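Dock chains B, C, D, E, F, G and H against the given chain A, drawing on the hints supplied.
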Amino acid sequence: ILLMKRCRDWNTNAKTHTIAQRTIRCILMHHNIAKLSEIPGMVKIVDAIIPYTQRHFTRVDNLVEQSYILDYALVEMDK
Amino acid sequence: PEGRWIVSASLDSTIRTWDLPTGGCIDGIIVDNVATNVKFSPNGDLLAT
Amino acid sequence: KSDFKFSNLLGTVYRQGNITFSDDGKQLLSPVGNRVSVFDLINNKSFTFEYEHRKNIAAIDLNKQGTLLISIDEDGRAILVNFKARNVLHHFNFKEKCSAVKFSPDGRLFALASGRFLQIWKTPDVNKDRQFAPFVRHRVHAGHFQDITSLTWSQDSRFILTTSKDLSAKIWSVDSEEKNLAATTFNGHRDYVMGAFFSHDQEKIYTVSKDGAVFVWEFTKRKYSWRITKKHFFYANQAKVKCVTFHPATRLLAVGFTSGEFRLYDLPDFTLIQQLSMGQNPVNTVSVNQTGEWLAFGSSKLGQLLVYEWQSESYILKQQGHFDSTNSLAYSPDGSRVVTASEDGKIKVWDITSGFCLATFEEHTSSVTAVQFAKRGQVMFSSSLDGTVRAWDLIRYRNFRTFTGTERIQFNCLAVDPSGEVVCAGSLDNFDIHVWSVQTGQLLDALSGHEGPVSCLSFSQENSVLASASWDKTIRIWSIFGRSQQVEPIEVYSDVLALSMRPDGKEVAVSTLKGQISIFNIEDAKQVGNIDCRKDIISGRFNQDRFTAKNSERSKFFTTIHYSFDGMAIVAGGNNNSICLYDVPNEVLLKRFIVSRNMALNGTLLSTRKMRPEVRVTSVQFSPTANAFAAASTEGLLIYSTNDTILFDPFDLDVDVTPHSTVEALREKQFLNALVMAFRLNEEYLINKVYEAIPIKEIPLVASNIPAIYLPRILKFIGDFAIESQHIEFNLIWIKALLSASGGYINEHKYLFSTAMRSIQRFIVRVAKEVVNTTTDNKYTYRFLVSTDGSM
Amino acid sequence: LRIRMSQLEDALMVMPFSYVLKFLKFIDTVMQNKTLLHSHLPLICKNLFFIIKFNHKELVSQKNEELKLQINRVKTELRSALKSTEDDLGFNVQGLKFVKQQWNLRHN
Amino acid sequence: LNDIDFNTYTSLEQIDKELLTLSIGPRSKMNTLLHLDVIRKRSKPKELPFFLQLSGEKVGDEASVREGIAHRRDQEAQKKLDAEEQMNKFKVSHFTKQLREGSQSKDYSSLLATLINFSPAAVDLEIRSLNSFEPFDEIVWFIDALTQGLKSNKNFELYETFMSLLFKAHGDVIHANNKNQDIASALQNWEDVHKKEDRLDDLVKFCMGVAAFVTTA
Amino acid sequence: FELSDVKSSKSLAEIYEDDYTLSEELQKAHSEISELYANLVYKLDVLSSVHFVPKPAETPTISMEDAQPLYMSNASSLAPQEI
Amino acid sequence: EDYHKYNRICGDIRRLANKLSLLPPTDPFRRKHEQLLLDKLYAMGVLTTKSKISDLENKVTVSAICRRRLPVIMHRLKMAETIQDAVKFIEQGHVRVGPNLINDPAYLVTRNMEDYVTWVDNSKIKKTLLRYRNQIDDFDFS
Amino acid sequence: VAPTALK
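For the protein sequence lines, the chains are A, B, C, D, E, F, G and H, in the order given.
Per the authors' numbering, the very first residue in the first sequence carries number 737; after that it's consecutive.
Per the authors' numbering, the very first residue in the second sequence carries number 595; after that it's consecutive.
Residues 2 to 223, 245 to 627, 670 to 856 in the authors' numbering are what the third sequence spells out, letter by letter.
Per the authors' numbering, the very first residue in the fourth sequence carries number 810; after that it's consecutive.
Residues 702 to 748, 756 to 778, 786 to 807, 815 to 939 in the authors' numbering are what the fifth sequence spells out, letter by letter.
Residues 398 to 418, 426 to 461, 470 to 495 in the authors' numbering are what the sixth sequence spells out, letter by letter.
Per the authors' numbering, the very first residue in the seventh sequence carries number 42; after that it's consecutive.
Per the authors' numbering, the very first residue in the eighth sequence carries number 2; after that it's consecutive.
Bound conformation, chain A alone:
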């Protein structure tokens, strides 16, 4: 619970969301996901992570989206 209190505070800032997500990834990958739910207060911590995670997901996907400006460069000058 103490660790998840941090990662929530870490996630909201775009400059630091990268670290928090991997910590979330490890915990879901190294614990019984059922057990995590019974922990009191966890779900309300879980509540705040979701909206910010989606915003960062819309981001990055857009940074990905801009990336084929470079294949537009490759294919064009290849001509």
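Don't read these hints as lab results, they were simulated from the structure.
Keep in mind that the hints are not guaranteed to be accurate.
Unchecked claim - When the alpha-carbon atoms are kept at most 25 angstroms apart in a straight line, the in silico DMTMM-like pairs for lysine to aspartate or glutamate are as follows:
#	chain 1	residue 1	chain 2	residue 2
1	C	557	C	567
2	G	165	C	558
3	C	557	G	181
4	G	167	G	126
5	D	862	A	807
Chains B, C, D, E, F, G and H only, in chain A's frame:
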């Protein structure tokens, strides 16, 4: 009115419908009396001769 | 250079009369004032019939075959139309107010409720050629002494039940020989009998009265005679029964009360299936589906229409039209959606494809005057006489910010920076253009300099100049952005009512009271062209007029104008019956449109105001798709489109060019010649044939070698085709091939391909992106369920 | 990193092409060091897109075959980095909502 | 050549087998299916004794107040009564059949046809009605049917959303028994097919980037 | 505030009975003002309107118009900062 | 001359104010509808100057409503000799209130629209006026 | 049976 068809009348007492995209006659008629004039209606549903 | 044609009417789904479901049950026929609207419930699509009545519509029905539809107005003048081909067949005048019309369940005859008289008429055969006098009468029945409420046919097409203001229900036999079978009058009801129905076996007869009494009739001994064995009563405290319908197959009784609530019952047990309220206004009409699973209800006062899947208690269709006239309209930048603004003060967001209202906004207290989108399209802005300007997010559908003047200035026009950071509005009482910051909501400053009231505003999409006009007989160009502020006033011959802005942002067009559309050069501030409008406009002498229309000067100007996105045409309208489309470079009239042909509307042909509705066009704009343009009017949002494209408009054609030759090229595998040849014919079906016949391996080759002149056409063709096509990834290859091969050219000429690129982006963002989102989320849903540990 | 963001776009805009070619060489060596890339990926991505957008015509004209290889390599490693963070994000959120649903079902 | 003779042409059902194609129907169907739950929630309609019992300050007994001395289940009981009244008010599958046969013949084509025909309200009930007891035959069968559908490369949007409702309705059931071979094997088969269907992202996400760059700069 | 000086119609059982069961009386005057205004604005508008002005307008009710799309979920309408 | 309708408006204004005066002074709802009422009455011009609710009780009169009638305004504005002549000009369609033509004598001008009541451009009588001054312009069609 | 019955 659609610009897709032309219908003409001639002294041989016939009315021929021509399909412009393919440039061929699609229908033919024989009138007892030679049709002096031929006019489509603005809507295209009607034809006056 | 395209022929527009009326397609559908948004903003209104029901006005009055009876609504009938299609025999297939997948389409609903709803009367809308002077016209009839068709909604495809399954396909989530709608259209409005082009044919129009002299007066407001009264009653309709569709034959089971789905081929013949008869429409009768309030004067009894009937229009027979082929449902499949959407064309009028015959006009007949029954010379009396027809309350109800219903085809026979054989389809050979149709009954007409005419006063206290029942008319039966033989149905013309659609297969036969156009007959001059196809209507021949089978029989005239005169049993009732007052008006007939409604009539019901026997499932075997042999008997007709008629309910009238007699407080009685009377039956007939369609066959003269069978008169003795059914020649009885039913009595007992203490109020007006509205609807009489047969059971599935037809043994029993159910009659309903306005007081809310249901009487069940059987043929039994006391030697046999009809009698009321069972009686059921609706115990509405004050609500009167307004419309009733019955489905014998499922024994469903749907009743609509004047209080605005409808009740579903099972006969003969009278089990109250469900009871809901549509509001406080009467339920005018009710209908049942052929299966009996969908019920359609209609309230005339608010134009409310709803289709109810009472089995699942779900809403198939749920729409309410504007109570007032639509004052303004605005398309989304992509053109997927349109927003309509009404004098009530409520905004409504509409989807072009579905033709349905996604949401309504009621925050504005008074009438909303103008609506516009930002260049992004995520945000929409609106102004109202209540003294506020409100900014709306359309992704989340919420009012995130509101602006207002210091002293509650009434606003009439609005304009938005393409950057989406400045909003300006004009008023008819201050002569100042208020400026607000979108980000902050603070009044940046008030632009002053107008010697008259500001009538209109617009920000240049590219350069970001602001051009404002007034009744001041002058136009001022504002360079608000930058360290220094400059204003360039231009004089005009008369008061300026409307203004349009060229998308390039180099020219501005303005409509004046003289009936002149004057085009100026923004950079040079010099007039470049003018168009006369006084003579083209059509204005009908009002019924209250005591002076002639030709001498009339009430309206021979255009109150609204707008460019075409191509930039070669202007669409204009005013408080008249005419919408005129012009060609700017040549200054000629392309075509004129008649807004309405309803004789009830005033202009189509001492303390009390002689005051009735008038035909007028509040606003007009082009669709960004460059295929349609919508005009806001009193009746609603009219949309005219070129989608039919049944015209033959060949481009650079030659004798060698022929549909058969194009097919031969495909068989000989000359795809480029076959593809190029297709556009020269410019026939959509041939282009489709060539487009889908090209193998994927050869797509990059043909795309690279396409001539430049045909590139804008093919790019447009793919965009409109791909939006509704199923070959998603095939189109994606085609778009990829064209852009990769001809990308540099499009950059050099952005404006030439501006509309074509936009239609491509609409397909990619609205449907293609949605698929990958449903694709990618499952991919991660897969990885979680497999990777992480299972529950204890 | 020291350059303020608001002046950054103008800083790239004033920048001549001959230095932009140098700046492409800079990214490639930074991209070779994987650790530094992920620490400052979002800032690097925005700068690269702006430069290429702002010098697209200059870029296409150049006939340096080596310049192909520089643009090709930066692409492949950039995609892995962006995809990696995206995959981690999509991975977390999807399971993250799954936990919410399970807790609801237990208490409902 | 009859189509030419009538100046008409109908688009092919599928240009080529390898080529992904969407369903022949409205594109709002996928949106309706995915969020059908909130459609249901949002569409729901809008909703003395003789021995009167008071005490405390208002009855003037401030001493009781100063000295410190000072129904939801009843609503819950009533809600039960309202439900009980409802059942007495009314005093009155093809899907599951084909699913068993499709497993028997290893051919879900007849099944897949009915899924497309079903209304969205019909769709969600059938997915939710799949049994969730061991050995989970129907769920394993359902994924095989969809796995066959994705191979067809036809009706791509519909098959994708079908599993989302499966996971939405039976994600916990699948997860709790992830280690079961039958679930794992069929589940593994689906990824093999679905993994191939990622090229479409490349194309769609490709044509946006160049289009965004082309229109802008 | 004013204190009545005439005998109360309500008996002590009744006054307390009222306590057993911001103000409905205030909320009735709340509406009665609105309809007077709604009727007044209509009349004054038609005199001053150049064009047409239409006259302004248990059981479960169907909300015939909605402020938001059905498919959109309430949680999706809240910004991350709000959460 | 009948003023039953105007009397109904004035009485309704008094009734609305009386019902307002019944409501608590501290109620925010009462205050705004009072101010909204005073605003619209000012907007129409029947209130020449911004006033209080007490003034709105008595200052409102039939004559004030009659004063704002379009033919009356022209009479003060000197377009017509008499109210009957003004009505005839309104009747014949020579009078224009801003962007639109008014043929109804019963119409009243709001305060803002007063400044723009003017005769239609091609009215024959304007040609007389500019002819008298000898300032007729055929180019301006008037 | 009723005279109005089917058949």
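Take the C-alpha atoms of residue 557 of chain C and residue 181 of chain G, compute the straight-line distance between them, and say whether it is at most 25 angstroms. holds, 17 angstroms
Hinted pair, alpha-carbon criterion (25 angstroms max): residue 862 of chain D, residue 807 of chain A. Please report holds or violated. holds, 12 angstroms
Between residue 165 of chain G and residue 558 of chain C, does the CA-CA distance stay at or below 25 angstroms? Distance of about 23 angstroms is within 25 angstroms: holds.
Pairwise hint evaluation, residue 126 of chain G against residue 167 of chain G, where the allowed Cα distance is 25 angstroms at most: holds, 15 angstroms
Would the hint linking residue 557 of chain C and residue 567 of chain C be met if the CA-CA limit is 25 angstroms? holds, 20 angstroms
When the structure is compared with the earlier hints, no violation turns up for any of them.
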